[PDB]
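Shown next as structure tokens: one chain only, the form deposited without this ligand.
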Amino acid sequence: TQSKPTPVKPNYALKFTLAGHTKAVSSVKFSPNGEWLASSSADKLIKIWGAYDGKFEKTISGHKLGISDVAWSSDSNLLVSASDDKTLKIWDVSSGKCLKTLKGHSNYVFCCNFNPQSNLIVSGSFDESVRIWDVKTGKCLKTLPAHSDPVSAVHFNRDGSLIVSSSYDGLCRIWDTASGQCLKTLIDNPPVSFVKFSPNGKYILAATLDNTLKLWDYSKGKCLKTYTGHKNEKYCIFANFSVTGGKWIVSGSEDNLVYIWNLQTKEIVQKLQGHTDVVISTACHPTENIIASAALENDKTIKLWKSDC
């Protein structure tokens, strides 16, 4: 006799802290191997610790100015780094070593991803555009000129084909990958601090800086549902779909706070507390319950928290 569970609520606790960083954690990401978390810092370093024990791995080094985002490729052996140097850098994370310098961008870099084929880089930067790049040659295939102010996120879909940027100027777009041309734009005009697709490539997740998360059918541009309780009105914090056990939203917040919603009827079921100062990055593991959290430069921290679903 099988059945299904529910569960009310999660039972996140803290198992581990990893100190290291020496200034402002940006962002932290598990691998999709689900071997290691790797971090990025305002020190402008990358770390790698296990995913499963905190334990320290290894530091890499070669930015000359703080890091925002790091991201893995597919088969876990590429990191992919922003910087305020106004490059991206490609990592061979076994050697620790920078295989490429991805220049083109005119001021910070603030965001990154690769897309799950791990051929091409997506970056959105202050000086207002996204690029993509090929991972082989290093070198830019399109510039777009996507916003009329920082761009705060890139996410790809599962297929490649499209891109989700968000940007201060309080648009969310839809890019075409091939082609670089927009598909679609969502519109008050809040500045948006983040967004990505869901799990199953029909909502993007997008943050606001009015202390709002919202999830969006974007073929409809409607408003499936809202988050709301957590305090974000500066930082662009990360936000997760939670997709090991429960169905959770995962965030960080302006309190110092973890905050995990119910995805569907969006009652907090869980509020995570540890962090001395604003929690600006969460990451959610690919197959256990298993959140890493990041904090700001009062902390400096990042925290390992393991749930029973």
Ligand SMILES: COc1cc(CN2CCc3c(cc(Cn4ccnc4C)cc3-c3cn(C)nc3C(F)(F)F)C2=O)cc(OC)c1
Second form
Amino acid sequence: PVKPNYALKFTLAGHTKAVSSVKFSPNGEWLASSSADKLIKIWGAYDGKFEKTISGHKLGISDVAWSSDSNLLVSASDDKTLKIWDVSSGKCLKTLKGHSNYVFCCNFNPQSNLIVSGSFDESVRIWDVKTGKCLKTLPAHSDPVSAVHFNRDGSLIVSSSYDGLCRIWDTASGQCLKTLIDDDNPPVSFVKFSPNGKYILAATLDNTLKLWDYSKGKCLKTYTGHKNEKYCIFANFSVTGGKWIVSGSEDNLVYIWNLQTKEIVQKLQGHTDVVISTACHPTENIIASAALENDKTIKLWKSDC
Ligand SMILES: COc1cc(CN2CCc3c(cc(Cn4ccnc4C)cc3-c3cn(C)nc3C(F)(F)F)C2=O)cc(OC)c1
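For comparison with the form deposited without this ligand, kindly provide the form solved in complex with this ligand.
First the chain shown before, then all remaining chains and molecules of the complex.
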């Protein structure tokens, strides 16, 4: 494929404040969304059909993530907690307490016995899913933590922060294995491992995304053309068809790049505020996007490649 042809199929209205994060369930059936309105919503991944609302946090929610079997969700809230939810019943199974400021980002490990979180309190915490207890507190950064992600076998965690650092952590020991910097130390607004686990995709608040080989510390690709100077915006590897990079943008568009050539191959227009979050369906060429307070809708876009 040379270029995709993503076209708007559904617009998902229901949150009453900015949408903070959207994620597809690993089994492809569902989309979960979190919002500053303190709610989680569940939507059909293929038809946009509203499914249910999950409530219980006392303040807005920044992030949600799915367990590997698609049965559990974890949410990260301004109330300083994370919550583990059984999706099909809606019950809160555990409340994870320990952070001393907003919890901004979260993820399960692939085995989904652990949760990693990053907080405005500048720490990363590793939690046991079964007991809800904090296993490790990492003195990870000197500014809020903008992203945390496990690699494909769960042995590593990558974190990013406004302090301009990206760090790689040994899940088992909690030891910092690598600190990665970039010229002029722009805030690092997002990071995540590539699906094969060999690369790091990192956003910096200088309107730039970079694909890094973190082992050799070498920048392999640079993607520009979007607007990213103010917000932490999710980015993705799209792998079900053509190999793309996907990101939101502060000009209200979804950007899609060719991973190897770095050329913009499509811009998706429709949102009326910053596109803060995008996600890529695990098996079909479907993108979900979500926007800030002046918009508050989620959109599902479908491509033939
Ligand atoms: C002190 O300076 C700062 C400023 C900022 C700015 N900041 C704060 C608000 C915010 C931001 C990014 C994302 C997207 N997101 C979430 C998890 N991972 C990602 C990529 C969601 C939200 C958010 C949370 N809630 C409850 N409502 C929202 C919404 F904006 F949608 F209203 C964001 O950029 C961040 C920061 O440290 C991290 C330090």
